[PDB]
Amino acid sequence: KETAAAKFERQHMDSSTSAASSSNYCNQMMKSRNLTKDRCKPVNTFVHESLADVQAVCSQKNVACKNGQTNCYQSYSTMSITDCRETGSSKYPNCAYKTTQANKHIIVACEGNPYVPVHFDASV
């Protein structure tokens, strides 16, 4: 079974680009990160910063998570991110995503020792 930290990395980290460079970024990334296996994951955000920078958010601003838990942290700085969301034309096994690039603060839930990101809560 995948650890929570490893699942966060697979679903939400893309440090190898500064930004989404085209409308096809999401289609490609959702497939390659194995997020379209038995169904199309409806919504998923990738963060274009180093793993270290994202891990560091866990000691930044403590804020409530949408679900009411208190282990969420908001990045002090904006980060480059890409939101991927299924379009109307999307139908498994032919998943289809809209790619929206933005520079926003991220909010992650953190857990464990080491205390690292385990869920992507939202961007602001």
The other form holds:
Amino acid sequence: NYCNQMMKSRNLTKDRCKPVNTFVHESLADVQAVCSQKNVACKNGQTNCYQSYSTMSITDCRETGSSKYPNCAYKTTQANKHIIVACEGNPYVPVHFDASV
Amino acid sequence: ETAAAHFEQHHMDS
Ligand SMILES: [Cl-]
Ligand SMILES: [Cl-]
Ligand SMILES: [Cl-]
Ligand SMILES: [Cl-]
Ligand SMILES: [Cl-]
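Instead of the form solved without its partner chain shown above, give the structure for the form deposited with its partner chain bound, please.
And the full complex, kicking off with our chain again.
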């Protein structure tokens, strides 16, 4: 499926199985734009999180309960949802993907 | 890689 292929290609699962990851089907600049959208609290207590005004096309890749390295197995779910990212730096850009809603 | 580069590699699929 898409998740198994992309998780491997993007170097998430070549050397382990990662429980969850999200891919966003939008331009890089459209996701970078989220760091000047709605400032929200982060779960970690920090306050450098931002939520997109709009929903975006996203695929969630979630490992199955029985999956184990090397043969990682993913459930694929497609949705249109808002994204929440942590931003840092100069330029002030996304550095972590937090949630989708 | 930078944290920013990692983010784009791990999450973006334009
Ligand atoms: Cl592992
Ligand atoms: Cl994620
Ligand atoms: Cl792009
Ligand atoms: Cl903070
Ligand atoms: Cl952070």
